[PDB]
Each structure stands twice: as C-alpha cells, then as structure tokens.
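The chain that follows stands alone, in the form deposited without this ligand, written as structure tokens.
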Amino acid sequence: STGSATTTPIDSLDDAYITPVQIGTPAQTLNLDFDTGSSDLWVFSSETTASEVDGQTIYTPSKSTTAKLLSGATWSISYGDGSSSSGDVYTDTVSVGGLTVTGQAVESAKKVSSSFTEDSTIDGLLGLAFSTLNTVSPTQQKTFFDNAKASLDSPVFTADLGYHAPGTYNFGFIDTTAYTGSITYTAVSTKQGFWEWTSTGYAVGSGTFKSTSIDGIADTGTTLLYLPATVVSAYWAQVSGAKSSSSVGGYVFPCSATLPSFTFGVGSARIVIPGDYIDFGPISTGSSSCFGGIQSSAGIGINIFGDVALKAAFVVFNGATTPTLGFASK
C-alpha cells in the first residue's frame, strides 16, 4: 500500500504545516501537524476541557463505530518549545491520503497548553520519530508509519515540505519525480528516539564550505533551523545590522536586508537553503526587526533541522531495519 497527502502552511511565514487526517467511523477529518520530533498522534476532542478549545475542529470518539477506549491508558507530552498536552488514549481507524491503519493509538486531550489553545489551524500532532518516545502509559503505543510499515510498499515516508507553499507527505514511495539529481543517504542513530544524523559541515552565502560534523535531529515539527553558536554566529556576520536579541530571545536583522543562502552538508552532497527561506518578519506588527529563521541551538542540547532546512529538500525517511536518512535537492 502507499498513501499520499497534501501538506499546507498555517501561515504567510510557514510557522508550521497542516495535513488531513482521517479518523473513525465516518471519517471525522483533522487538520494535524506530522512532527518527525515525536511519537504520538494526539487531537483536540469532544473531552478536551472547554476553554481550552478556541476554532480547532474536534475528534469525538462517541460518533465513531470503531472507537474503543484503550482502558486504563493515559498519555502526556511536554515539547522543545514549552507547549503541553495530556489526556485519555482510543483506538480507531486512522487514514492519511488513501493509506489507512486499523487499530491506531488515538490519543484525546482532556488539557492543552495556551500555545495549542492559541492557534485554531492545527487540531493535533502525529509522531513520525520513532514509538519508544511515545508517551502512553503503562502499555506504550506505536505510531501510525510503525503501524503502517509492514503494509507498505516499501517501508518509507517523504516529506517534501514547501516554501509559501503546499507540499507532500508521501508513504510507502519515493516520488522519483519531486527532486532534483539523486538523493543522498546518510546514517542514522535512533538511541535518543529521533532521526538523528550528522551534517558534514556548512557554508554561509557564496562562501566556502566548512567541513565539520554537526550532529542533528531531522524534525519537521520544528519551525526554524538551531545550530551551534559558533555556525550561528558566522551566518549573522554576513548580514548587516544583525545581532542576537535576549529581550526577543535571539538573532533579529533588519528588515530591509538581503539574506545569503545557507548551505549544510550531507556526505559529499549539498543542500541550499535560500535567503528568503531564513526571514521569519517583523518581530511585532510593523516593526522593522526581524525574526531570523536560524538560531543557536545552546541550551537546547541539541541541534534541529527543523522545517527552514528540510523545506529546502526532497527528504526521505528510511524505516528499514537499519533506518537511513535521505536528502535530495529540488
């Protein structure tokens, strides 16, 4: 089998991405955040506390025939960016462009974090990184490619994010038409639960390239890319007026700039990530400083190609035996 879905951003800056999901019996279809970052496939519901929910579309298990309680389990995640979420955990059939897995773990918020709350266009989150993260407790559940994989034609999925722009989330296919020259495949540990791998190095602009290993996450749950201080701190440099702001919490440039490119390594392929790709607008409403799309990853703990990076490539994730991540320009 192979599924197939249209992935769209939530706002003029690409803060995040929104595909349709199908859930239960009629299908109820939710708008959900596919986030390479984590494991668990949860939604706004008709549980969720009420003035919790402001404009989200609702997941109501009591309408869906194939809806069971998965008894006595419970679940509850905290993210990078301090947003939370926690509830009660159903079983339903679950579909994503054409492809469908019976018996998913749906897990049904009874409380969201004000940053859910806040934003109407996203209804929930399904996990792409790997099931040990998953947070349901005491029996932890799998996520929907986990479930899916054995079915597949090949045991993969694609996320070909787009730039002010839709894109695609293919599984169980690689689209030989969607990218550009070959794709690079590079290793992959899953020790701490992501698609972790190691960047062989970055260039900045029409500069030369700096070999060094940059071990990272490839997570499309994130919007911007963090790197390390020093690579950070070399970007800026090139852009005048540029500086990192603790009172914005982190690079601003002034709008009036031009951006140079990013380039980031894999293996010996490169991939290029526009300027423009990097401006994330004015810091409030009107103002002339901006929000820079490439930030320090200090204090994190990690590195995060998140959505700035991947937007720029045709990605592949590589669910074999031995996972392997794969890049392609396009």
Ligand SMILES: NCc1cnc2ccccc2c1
The other form holds:
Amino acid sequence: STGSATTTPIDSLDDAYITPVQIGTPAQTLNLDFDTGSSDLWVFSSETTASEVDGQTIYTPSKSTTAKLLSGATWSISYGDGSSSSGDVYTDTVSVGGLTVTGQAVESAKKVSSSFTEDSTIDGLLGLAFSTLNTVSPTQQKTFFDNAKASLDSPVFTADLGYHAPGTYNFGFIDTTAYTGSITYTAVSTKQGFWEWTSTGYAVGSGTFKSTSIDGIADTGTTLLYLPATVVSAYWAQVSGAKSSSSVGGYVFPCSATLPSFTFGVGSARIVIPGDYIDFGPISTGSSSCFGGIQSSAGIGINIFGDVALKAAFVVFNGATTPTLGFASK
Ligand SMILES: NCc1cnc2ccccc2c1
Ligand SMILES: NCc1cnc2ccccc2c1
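For comparison with the form deposited without this ligand, please write out the form solved in complex with this ligand.
Entire complex below, previous chain first.
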C-alpha cells in the first residue's frame, strides 16, 4: 500500500504545516501537525476542556462506530517549546492520503497548553519519531508509521515541505519526480528515539565549506534551524546589524537586509537553504527588527534540523531494519 497527502503552511511565515487526516467511521477530518520529533498522535476532542478550545476541529469518539476506549490508558507530553497536552486514549481507524491503519491509538486531549488553544489552525499532532518516545501509559503505543510499515510497498515516508507553498508527505514510496540529482543517505541513531544524524559541515553564503560533525535531529515539528553557537555566530556575522537579543529570545536582524544562504553537508552532498528561507519577519507587528530562522541550540541540549532546513530538501525517512535518512536537492 501507499499514501500521499498534501501539507500546507498554517500562515505566511511557514510557522508549521498541517496535513488532513481521516479519523473514525464515518470519517472525521482533522488537520494535524506531522512531527518527526515526537511519537504521539493526539487530537483536540469532545473531551477537551471547553475554555481551551478556540476554533479547532474536534474528534468526537462517541460519533465513530469504530472507536474503542483503550481502558486505563493515559498520556501526557511536554514539547521543547514548553507547550504540553494530556488526556486518555481511543483506538480507531486512521487514514492519511488513502493509506489506512485500523486500531491506531488516537490520544484524546483533556487538557492543552495556551499555545495550542491560541493556534486555531492545528487540530493535533501526528508523531513520526520512533515509538520508544510514545507517552501512553501503562502500555506504550505505536506511531501511525510503525503500524502501517509492514503493509507499505517500501518501509519509508518522505517529507517535501514547501517554501511559502504546499508540499507533500508520501508513505511507502519515493516519488522520483519530486527531487533533482540523487538522494544521499546517511546513518541514523535511534538511541534517543529521534531521526538523529550527523551533518558533515556548513557554509555561509558563497563562503568556503567548513568540515565539522554536527549531530542533530530531522524534526518537521520544529519551525527553525537550531545549531551550535559557533556556527550561528558565523552566519549572523555576515548580516549587517544582526545581533542576539536576550529580550526577544534570539538573533534578530534589520528587516531591510538581504540574507545569505546557508549550506549544510549530508555526506559529500550539500543542501543549500536560500537566504529568504531564514527570514521570519517582524518581531512584532510593524517592527523593522526581523526574527532569524537560524538560532543557537545552546541550552536545548540537541541540534535541530527543523523546517527551515528540511524545506530546502526532499527528505527520506527510511524505516528499514536499520533506519537511515536520505536528502536530495529539489
Ligand atoms: N518536534 C518535537 C520536539 C520538540 N522539542 C524538542 C526539544 C529538544 C529535543 C527534541 C525535541 C522535539
Ligand atoms: N515541536 C512540536 C510542537 C511543539 N509545540 C507546538 C505549539 C503550538 C503548535 C505546534 C507545536 C509543535
């Protein structure tokens, strides 16, 4: 089997991407944030605290003839951005782009943090990291990909995120029309539950490539590119007037700037992030200070190849017995 679904930026900055997902019988379609950095499929629901729902579409399990309470199961998650959610668990039929899993754990939110309530565009998350990170207790549950894997034509999914434009998630096949040149594969460690890999180095604009190992995670559920402070200082030193602002919480730059590109290594291959991808716009409405898309990972404890980096590539999440990542230009 295969599936193919379009993913759409939630706003003009590509702050996140939503993908429609069918849950239940008859189908209830919710727009979920596909997150290769976490392993829970959770949704706004008919059980969510009413004051914490502001415009989201909700899953109502009582209206699904295939929904079953997973007796005694609860879940509770915190994300790197300080956001959180928790609740109870149903199993139900879940379809993405024509690919159907029966008996998927659908984690129904009873509580969500302020950031989730305040974002009307995201109805929940669909985790695509390894199932060892799933938070369901007392019986840990499998991701949508882990449940689908054995049925797929090939045990893979791909992320093709757009810059200010829709993109695609595919399951079970690699669309050879969707990228240029060849796919370079690189080793993955699953020891922390992430798609964790080692970049071979970086360049700033037309500068020389620096060969240096940068361990980090491929994370579709993080907006920005978080890298070591040495690398980030080198990038922003090429932008007149750029500075790290403790009050704003990262590097800012004059909105009148033209930003340089950023290149990262995948083995002997190179992925180029255009400068425009690194502009996240005014820090507040009408400001001439703009927020940078490359930020320090100091204090996060891991480097994160988020959407700023991934949207410059066609990315293969290879779930073979020994997982690997693939990157192509596009
Ligand atoms: N996309 C989910 C996510 C969020 N925040 C994180 C912070 C540190 C490490 C991994 C993280 C993964
Ligand atoms: N890194 C995963 C993640 C964390 N927090 C969020 C808050 C609001 C919307 C989407 C979010 C996604």
